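Let's start with one chain on its own, the form solved without 2-phenoxyacetamide, as structure tokens.
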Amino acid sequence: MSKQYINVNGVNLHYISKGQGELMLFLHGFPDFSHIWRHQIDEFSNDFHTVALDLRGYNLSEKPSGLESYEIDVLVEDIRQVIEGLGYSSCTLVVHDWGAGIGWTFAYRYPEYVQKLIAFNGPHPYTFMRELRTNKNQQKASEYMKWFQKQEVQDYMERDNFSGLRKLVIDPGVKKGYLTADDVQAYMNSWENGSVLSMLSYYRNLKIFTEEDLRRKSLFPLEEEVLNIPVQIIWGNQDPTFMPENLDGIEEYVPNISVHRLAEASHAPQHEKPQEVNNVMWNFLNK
């Protein structure tokens, strides 16, 4: 395994790399980083070139200045240039949380770049808007996104050793036994090196806080209403931030889809239940 950088779209992104062959590109979300995919890097690097990006603003990736540097079009072009720049015309794209927000959008816009899509807990462009409009449990669960618009939130997250971030990821992870002391160490270092301003900047371009914005069909603008490539969802049913109903009626938007629901996993199945997750990924990849 190696740690490398690539210059794309006006920024230098740090990434973890292992293996050779076809590209399996992993995109984390908030407030994780490339390390969340460690169990998949290990498992799939004998048959694939496994690459896990630190998204712009995160860990050792560059932290470009201003909200405009974290807009969906910019993030989407990042991914396109990573695939090309690493010498590929297509990949298997594996996404979670904010990375799914971006990855889903990228897939709809650039299906030819995506051989197969594997998505963990996170917003599907169309169904998420539907659940914001209809589901009081989702509305509640997603209230933090409105709060994140506030200039006080950065202090909240950084206060006293990233207390805010520890609440989200470390405390649950330690209780349940899937983060070792070294994992906690890696996460803390990632927050020291990363930028909480950059991490929050993603959220500050979101257009889902207005009665008529909530009326938009998709989280981010899309001309494409159907995604026709093979897709696998791997979903932790206990996720407090995304309700199970995000998956209802998804076939309308993604006709060739397979869904695997984990009854005993929450927001991040990939490192909560890596063994079960990996076998489902193999099954899908080999279908």
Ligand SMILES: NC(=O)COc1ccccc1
Contents of the next structure:
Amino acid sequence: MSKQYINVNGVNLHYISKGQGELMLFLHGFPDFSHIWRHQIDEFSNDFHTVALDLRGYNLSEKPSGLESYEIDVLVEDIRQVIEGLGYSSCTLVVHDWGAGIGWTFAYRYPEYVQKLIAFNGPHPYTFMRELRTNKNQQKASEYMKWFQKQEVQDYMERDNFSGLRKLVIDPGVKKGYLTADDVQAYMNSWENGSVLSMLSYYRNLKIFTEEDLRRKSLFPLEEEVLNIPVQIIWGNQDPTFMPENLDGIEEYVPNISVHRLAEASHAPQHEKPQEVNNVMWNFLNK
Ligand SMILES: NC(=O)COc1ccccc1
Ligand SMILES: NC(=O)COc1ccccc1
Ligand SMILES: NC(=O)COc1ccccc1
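The form solved in complex with 2-phenoxyacetamide is what I want next, because the block you gave corresponds to the form solved without 2-phenoxyacetamide; please supply it.
After this comes the whole thing, all chains and molecules, with the earlier chain placed first.
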């Protein structure tokens, strides 16, 4: 396991790496970081060059100032440049949460850069906007996104030894038994080293708050309405963040899709049920 920086699109991003061969690139979301992919890295690094990126703003990655530095086009370009910078023209892209918001958008725009997409809980660009418009449960579930627009949010997340973040991801994971003591320390270190401000900046560029923005077909601007590469969804049904109906009718937008639903996994199946997840991944990668 190697840990290093790569300079792309005007920033230095930290990533962890293991193995060699075809690139399997993992994108985490909020408030995680590259470490959340540890079990997939260990599983696949004899078959792939497994690389888990820390997104800009997160953990040891550079934390550029200003909201403009966290706009979708910039984040998408980060991904393109990371792929090329590592020496590849395409990859197997594995994504979750904000990394899925970015990763889906990337795959729609650059399907030539993605051999296969594996997506965990997170917003599909078309179905998410539909669910925000019509699914009262999704609307309630996504209320915190309005709250995140507010300057007061960071203190709730950081105060008392990151109490808000601990409550969000640590306490559920320790209680359910999928976080070790070293995992907890790794998360706490990621929050000391990273910037919660930068993490929140991602949300503060979201266009889902005006009646006009809500009208748009995709979460982020896209000319492409179909993605035809092979795609696997691996979804925790108990996720309080994204309702299961986000998967409804998804074939219209992603014709070659396979879906695996974990009845008793929540927001982050990749580390909640790594063995089940890993076998589903093997199966998809081999078919
Ligand atoms: N864990 C989270 O709150 C992330 O939620 C979102 C992630 C991406 C785009 C919109 C919302
Ligand atoms: N109820 C609506 O039409 C809008 O709902 C939401 C829109 C954005 C974030 C949270 C909720
Ligand atoms: N990261 C989030 O916003 C949600 O985090 C979790 C939520 C429920 C169970 C596990 C993690």
